[PDB]
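Student: Each chain is listed here by its residues.
Number of protein chains: 2
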Amino acid sequence: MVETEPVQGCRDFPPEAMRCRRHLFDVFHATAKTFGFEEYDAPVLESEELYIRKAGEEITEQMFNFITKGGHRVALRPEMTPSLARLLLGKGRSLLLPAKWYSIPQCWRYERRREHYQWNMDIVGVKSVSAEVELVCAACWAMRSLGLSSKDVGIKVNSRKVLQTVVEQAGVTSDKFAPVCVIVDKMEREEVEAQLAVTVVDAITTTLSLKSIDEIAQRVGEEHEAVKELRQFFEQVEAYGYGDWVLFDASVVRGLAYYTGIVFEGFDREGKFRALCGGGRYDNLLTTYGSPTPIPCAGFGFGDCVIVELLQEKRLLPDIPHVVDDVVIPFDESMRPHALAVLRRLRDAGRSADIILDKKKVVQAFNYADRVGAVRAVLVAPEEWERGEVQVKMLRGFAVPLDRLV
Amino acid sequence: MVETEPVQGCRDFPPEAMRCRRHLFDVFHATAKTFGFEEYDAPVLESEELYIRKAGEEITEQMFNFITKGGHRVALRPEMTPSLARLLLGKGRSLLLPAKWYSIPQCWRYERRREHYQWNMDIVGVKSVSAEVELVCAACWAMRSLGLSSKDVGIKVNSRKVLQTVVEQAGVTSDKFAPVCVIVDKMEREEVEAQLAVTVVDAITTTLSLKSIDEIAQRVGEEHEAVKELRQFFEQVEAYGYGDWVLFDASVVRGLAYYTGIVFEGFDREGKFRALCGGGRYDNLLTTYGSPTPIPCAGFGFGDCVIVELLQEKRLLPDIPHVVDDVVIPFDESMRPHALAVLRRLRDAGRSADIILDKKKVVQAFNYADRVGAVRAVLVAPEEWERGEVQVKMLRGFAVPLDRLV
Ligand SMILES: N[C@@H](Cc1c[nH]c[nH+]1)C(=O)O
Ligand SMILES: N[C@@H](Cc1c[nH]c[nH+]1)C(=O)O
Ligand SMILES: Nc1cnc2ccccc2c1
Ligand SMILES: Nc1cnc2ccccc2c1
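Just so you know, the protein sequences line up as chains A and A', in that order. A prime marks a further copy of an entry chain. Going by the authors' numbering, the letters in the first sequence line up with residues 48 to 158, 164 to 240, 244 to 253, 259 to 456, 469 to 478, in that order. Going by the authors' numbering, the letters in the second sequence line up with residues 48 to 158, 164 to 240, 244 to 253, 259 to 456, 469 to 478, in that order.
It is worth saying that the hints were derived from the structure and are not from the lab.
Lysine-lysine pairs mimicking DSSO-like chemistry, simulated, CA-CA at most 30 angstroms apart: (1) A:179 - A':421; (2) A':138 - A:419; (3) A':421 - A:80; (4) A':420 - A:288; (5) A':421 - A:288; (6) A':419 - A:138; (7) A':213 - A':101; (8) A:116 - A':101; (9) A':138 - A:374.
Same shape as in the complex, but just chain A:
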């Protein structure tokens, strides 16, 4: 007996499970098309240098890396964004901007699950908060398409620029800002104070606990960069009709080094699950990768696990049975040639159809039709075939001419 279980921390998707995944992905695709994003993809295997950021990020700590026989340092991607940037930087001046790109890559880690699929959506070449508005709306749109409401979930929103100001105004060099976000992201675990030592810590704490935009306007003015952007953001989301889905939370920073402005997280309103999705603006990434001109970017990742737990809890993942329009049933083996001709007509006309492949009695064929979720069974029998007909029976036995089956 061979080992039937999959490799450690990896999922099998037999047809039952695959229908569930495909239900989720159909939404990701449909939302992307509704929002005018273009699909792209890149190798799951990337060069390890792509992810060496040196900021203590959990995503790079837990990187599934290995050495080829030719001695190259490579890894199964922990995230997609660096791949996106490589492609963008590769295209250079030939890329029309603004660009809106999406994908649903499988991403990896070594530490629990070692893989997940992650919908990625990114807008490139847009400086204004209109990008983040669109992105946050897309995420809400996908969750609403899955049957969730603003009673079920929300998106917490913030700007890193606020904290940046404090880091700056507290005489704390620009260089160290990314380390601080990464540490402060760990707040939800108790001894984050210890990491920041390795005062300006206090001002960070107070600013995370500020419960409103007015309170941040009071801390650094109604026309700070962050205040105007957040107001603009909330206004646009309100106008698009998703006001009840979004809110301000000063504690949201995200764990990734490269976020420079607005950042956001989806969450369940019952407090039962980790972040449903996550993202932000990252206007400097392409500059760090060597771009001669700064390229504004923003985007998000939306995993395939947390969302499924949430949907299961809310009872929004009813089992989806397989279906097929027709099952064609030879009365016996001598009718197979004729049954095949009929299968051809049905498929020719855009229908999904099986033919009983094995030899079996009609009643067993009918049972089989019902097991595979057939809408209709088409019996091809000698006496009917002479009249130019088949027998049709709906499952969700009148005789029918061949021309009228479609």
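Use these hints to put chain A' with the ligands onto chain A, whose structure you have.
Tutor: Here is chain A' with the ligands on its own, set in the frame of chain A:
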């Protein structure tokens, strides 16, 4: 500057290239649904033991394998069939048969390209040639859906049972049959005679060169296992309406150890390309993996490269431009809130729509609309907004009430 090229032997899919891939995959999916197959998937990372067959197969020679930090021998799958069998064997008695499963996995090698996507289609629990008929028809159906005809391509068909008889009748132990197929598959390169030594070689040669089923009927009878099956196969394909797509070729064995019966290959009728797809029956695989009951199986793999070359040569891959139904254009920033409300209505009604995200003049917005392949541009201007209207202009400027846009 970061390395913009992808890892060795791996392809990037920016949006242009992705539309081409998606055009191909839409066919693979659509054909699978037309033929009633159910989608499945499994980890690209499998345990290396899955592929140790010890028959000199090129697919296992060139296996992209490596050792985890925990010391496990794993590999990026060179093919899908073993993964399929693992899943099937895992399900055991709970799996309803017959089962028809498909997927489009990315598969790997280390040696040229190191990755490709491969449509897999497999029928499980069907002893009769009706399985192989369906499979071969599915492959033809996909190629016809891509615009090819029986003048462009065909499927060569054969049974390994013929050669098995010769191997047996030539006092050559059953054990060594798989090695022989793998060697004889190399015939198309000159010194295959040398490998078979490492006589019965002559009888193998003659039987590969037999140009018809009657000639094989003359060599071992009109009621050999292989003769009846091949006749049944050609009859069923004829009846389904794909007679001009298929033909007999005694030289076709395929390179994989596990094929036991009918085997087949798609090919271009100009002799310019390698095999388009390939498959056969493999009734013993699950028995070798430890199944207590023999499970008949048959299937095929259909790669994503050769087919694309062929389609390019035949001029059947016209560039596919991106499209989107509407682009919404704020007359200026003060109209953004109103433009957003309109974007909402359009998307609500099932349309794909952008809104100009950046700040720009109307003429530039219109140009942008044309670049991204918009069918329609929707200008939201102050004077029209007061009349409850927008300006609409078709690209493939009459005023319109909001209700009538959808
Ligand atoms: N790469 C981020 C998500 C993201 C996409 N684009 C920008 N951010 C993550 O893995 O959490
Ligand atoms: N695994 C085979 C194709 C196949 C699928 N099912 C049976 N055979 C190949 O890679 O060539
Ligand atoms: N880079 C990451 C992040 N989160 C994950 C969650 C589950 C499985 C794999 C993952 C890989
Ligand atoms: N196992 C295989 C077989 N053929 C391939 C062709 C191209 C790239 C990768 C491949 C992997």
